[PDB]
Amino acid sequence: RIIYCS
Amino acid sequence: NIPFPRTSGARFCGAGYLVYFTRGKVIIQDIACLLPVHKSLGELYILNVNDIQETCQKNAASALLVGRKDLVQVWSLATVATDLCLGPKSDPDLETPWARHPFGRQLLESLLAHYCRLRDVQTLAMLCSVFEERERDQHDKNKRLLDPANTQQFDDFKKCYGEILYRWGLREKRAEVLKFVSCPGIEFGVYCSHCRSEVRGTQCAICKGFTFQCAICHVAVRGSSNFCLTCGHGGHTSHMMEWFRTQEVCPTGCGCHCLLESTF
Amino acid sequence: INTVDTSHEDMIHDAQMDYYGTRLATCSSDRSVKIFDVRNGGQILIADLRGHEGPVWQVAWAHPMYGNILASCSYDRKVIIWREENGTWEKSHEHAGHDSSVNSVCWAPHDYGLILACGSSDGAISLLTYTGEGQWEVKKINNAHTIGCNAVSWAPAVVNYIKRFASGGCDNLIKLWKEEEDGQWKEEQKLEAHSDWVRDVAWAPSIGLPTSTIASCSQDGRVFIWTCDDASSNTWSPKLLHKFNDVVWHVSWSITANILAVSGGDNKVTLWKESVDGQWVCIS
Amino acid sequence: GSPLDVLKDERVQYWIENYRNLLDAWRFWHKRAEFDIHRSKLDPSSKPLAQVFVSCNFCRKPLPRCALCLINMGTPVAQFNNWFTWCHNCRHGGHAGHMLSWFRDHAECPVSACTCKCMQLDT
Ligand SMILES: [Zn+2]
Ligand SMILES: [Zn+2]
Ligand SMILES: [Zn+2]
Ligand SMILES: [Zn+2]
Ligand SMILES: [Zn+2]
Ligand SMILES: [Zn+2]
Ligand SMILES: [Zn+2]
Ligand SMILES: [Zn+2]
Numbered sequence: 453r454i455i456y457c458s
Numbered sequence: 533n534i535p536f537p538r539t540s541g542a543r544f545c546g547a548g549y550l551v552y553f554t555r645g646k647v648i649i650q651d652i653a654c655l656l657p658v659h660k661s662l663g664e665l666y667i668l669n670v671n672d673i674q675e676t677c678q679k680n681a682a683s684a685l686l687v688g689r690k691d692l693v694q695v696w697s698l699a700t701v702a703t704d705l706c707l708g709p710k711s712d713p714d715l716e717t718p719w720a721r722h723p724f725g726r727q728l729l730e731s732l733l734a735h736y737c738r739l740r741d742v743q744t745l746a747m748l749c750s751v752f753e838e839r840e841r842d843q844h845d846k847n848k849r850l851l852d853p854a855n856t857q858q859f860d861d862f863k864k865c866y867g868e869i870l871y872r873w874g875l876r877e878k879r880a881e882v883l884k885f886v887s888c889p895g896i897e898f899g900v901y902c903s904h905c906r907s908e909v910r911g912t913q914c915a916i917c918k919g920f921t922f923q924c925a926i927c928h929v930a931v932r933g934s935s936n937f938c939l940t941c942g943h944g945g946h947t948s949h950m951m952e953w954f955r956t957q958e959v960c961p962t963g964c965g966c967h968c969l970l971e972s973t974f
Numbered sequence: 051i052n053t054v055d056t057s058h059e060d061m062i063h064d065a066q067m068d069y070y071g072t073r074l075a076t077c078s079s080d081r082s083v084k085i086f087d088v089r090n091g092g093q094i095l096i097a098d099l100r101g102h103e104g105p106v107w108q109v110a111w112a113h114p115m116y117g118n119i120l121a122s123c124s125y126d127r128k129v130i131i132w133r134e135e136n137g138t139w140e141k142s143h144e145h146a147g148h149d150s151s152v153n154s155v156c157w158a159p160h161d162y163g164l165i166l167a168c169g170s171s172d173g174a175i176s177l178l179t180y181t182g183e184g185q186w187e188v189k190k191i192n193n194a195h196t197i198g199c200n201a202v203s204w205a206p207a208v209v223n224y225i226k227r228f229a230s231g232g233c234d235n236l237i238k239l240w241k242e243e244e245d246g247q248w249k250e251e252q253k254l255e256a257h258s259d260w261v262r263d264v265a266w267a268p269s270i271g272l273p274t275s276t277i278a279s280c281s282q283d284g285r286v287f288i289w290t291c292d293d294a295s296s297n298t299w300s301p302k303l304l305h306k307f308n309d310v311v312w313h314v315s316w317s318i319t320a321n322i323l324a325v326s327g328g329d330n331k332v333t334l335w336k337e338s339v340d341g342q343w344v345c346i347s
Numbered sequence: 682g683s684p685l686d687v688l689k690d691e692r693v694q695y696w697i698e699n700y701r702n703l704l705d706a707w708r709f710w711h712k713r714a715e716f717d718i719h720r721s722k723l724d725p726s727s728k729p730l731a732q733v734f735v736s737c738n739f740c779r780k781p782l783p784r785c786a787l788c789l790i791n792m793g794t795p796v818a819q820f821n822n823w824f825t826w827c828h829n830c831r832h833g834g835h836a837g838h839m840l841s842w843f844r845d846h847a848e849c850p851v852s853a854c855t856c857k858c859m860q861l862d863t
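Protein chains in written order, with the authors' numbering: chain C, 453 to 458; chain N, 533 to 555, 645 to 753, 838 to 889, 895 to 974; chain R, 51 to 209, 223 to 347; chain B, 682 to 740, 779 to 796, 818 to 863.
Errors might be hidden in some of the hints.
Stated by the list, open to error - Here are the computed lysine-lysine pairs in the DSS-like style, where the Cα-Cα straight-line distance is at most 27 Å:
hint : chain 1 : residue 1 : chain 2 : residue 2
1    : R       : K189      : N       : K646
2    : B       : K857      : N       : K679
3    : N       : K884      : B       : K857
4    : R       : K189      : B       : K780
5    : R       : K331      : N       : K690
6    : B       : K857      : N       : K918
7    : N       : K660      : R       : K336
Hints in this document: simulated from the structure, not taken from any laboratory.
One chain only, chain C, in its complex shape:
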């Protein structure tokens, strides 16, 4: 989730 949605 941290990787794919800022």
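Go by the hints and put chains N, R and B with the ligands onto chain C.
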């Protein structure tokens, strides 16, 4: 053999300045928007070994006050990658360590290689610090997120960032950073109060007693201490905080104005 | 942007700031070495140093570690040290062992100690080593450069130590010198890829990356950013940045060795930065 | 009164000693210092001896340097911010002001690879 005199020059001075002159007056530039290190972040960053979780969140918050999108995401990932629920175990045949997981050593070694090209010492030094029978030996090497064959580079990162922090003017932060490095004349002796001999340490050797006795509360001192070089009457630091605040004479009836004969 | 208006009539030749960014030391051609205090945008004249036979080329500050020290090199046998004691600036030491004029001074890295290197126009280097109690152990080597030795640089300290420095002179050659275990300063690989007349040499600060870079300048106008990617190899592959239309005087790295500022005869200052493809492009 | 006739008796000394002790119980410590100054100005005989030596175990150089400041000890440069504090079990120290700045927030000897909490070791 003598070259022709020159009439212009430019040098980088300090940590964020530029001096130059031309064919005269000298101007001084403040060009700090062209370097990969930021001075405000060095004043807002914290390190605290006893609670890693808090440091990551505080630094992530501080990264938003400067507006760097990169650092917020990096410090977010650091929090979840350094949780206390992913502790290595002792037996190899019980679990696979988090270090071998592709979100462990390989992601760290891909952030470190990215920031190396940008010459960002300030992030490398922080990251390398936060993350800090044959089969059994191999396991211990295998379960570490930083390769045990690259300690020298990490030490170099920390040392250079410490020198920069000294250059800026911050003294405490340099010590905080340097506390994480893996690789670690004339003195003062105490005249003991019982055998009247010089004692190397807070405890004597012949009578094994305390060698130093405070000159205000007459209680033996075992930690910090200040003393006068001429007359030699010392005690706790806060005691002389209080005493030499106003008076200028020895607290033990000595006549030695220690404030003037000690502060060289 | 801050400005200071110096008094001395003769044109300025060098200018440097201290470690913390508080004071300023300007060399000149008349005689003066006047030092200012630029804290919070000021000009207040702390001192006005005097006493020199000829004009002075360079001024170099030492680390705050060993007090306030400043070195000067002039058109004479003169490397006077200008220590300040008890809140006043004064002459501290002089050394006049070189016949021709000495045109370069460089302090050694603070890890070694307090060492100064000066290269005279005669073709010799003098190393001033501090032994304590206000004494020096000055040693020198001669016949190093035919008609040169007009620029010296120290190398960053790496891991007892192996002292190194980089020089260059009239012979259009740059030699690297390594101190042997005995104490004698031997010689090593000497690069020769320039044409007319080298003027200055600078060596990059280290961060931990296992690459060493050196910049060089000459009357050609060609600036070469040498590089070496292996400590054992001892090989340097020259590269060109730009062929200037005039003589190129001074090159200076940045704190993190990512920007290089070049000044020369064309009466201008240029900034350069390496691109991702490996080409060096200007910024301003 | 008489310095060298009564003050040498082993009955006037016990009274002064007991008074000093009673003062030290109540925690009036500055008053004791004032009393001792008065006593010394009256008679010289009861004068304390020195306490701290300056020997060089490793018998044109310096030796101790500040920790936070790291500048060499001794040499010049709110007047108590120039003594050199020393730890006993740790043998470290620096300027008074620098170490007091350090110890307010953190609790450990600034020299890395040390585990001596010098300030709270004595309370
Ligand atoms: Zn004893
Ligand atoms: Zn006490
Ligand atoms: Zn005293
Ligand atoms: Zn005394
Ligand atoms: Zn000694
Ligand atoms: Zn200090
Ligand atoms: Zn201690
Ligand atoms: Zn310690």
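Cross-check of the supplied hints:
Among the hinted pairs, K189/R with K646/N is inconsistent with the structure: their alpha-carbon atoms are about 38 Å apart, more than 27 Å. With a C-alpha separation of about 26 Å, the suggested pairing of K857/B with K679/N holds against the 27 Å cut-off. Restraint check for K884/N and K857/B: satisfied, since their Cα atoms lie roughly 14 Å apart, inside the 27 Å limit. With a C-alpha separation of about 20 Å, the suggested pair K189/R and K780/B falls inside the 27 Å cut-off, and the hint holds.
Pair hint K331/R plus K690/N does not hold up; C-alpha atoms about 36 Å apart against a cutoff of 27 Å. A distance of roughly 23 Å separates the Cα atoms of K857/B and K918/N; the hinted pair therefore holds under the 27 Å criterion. A hinted pair counts as satisfied when its Cα atoms are at most 27 Å apart, and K660/N with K336/R qualifies at roughly 21 Å.
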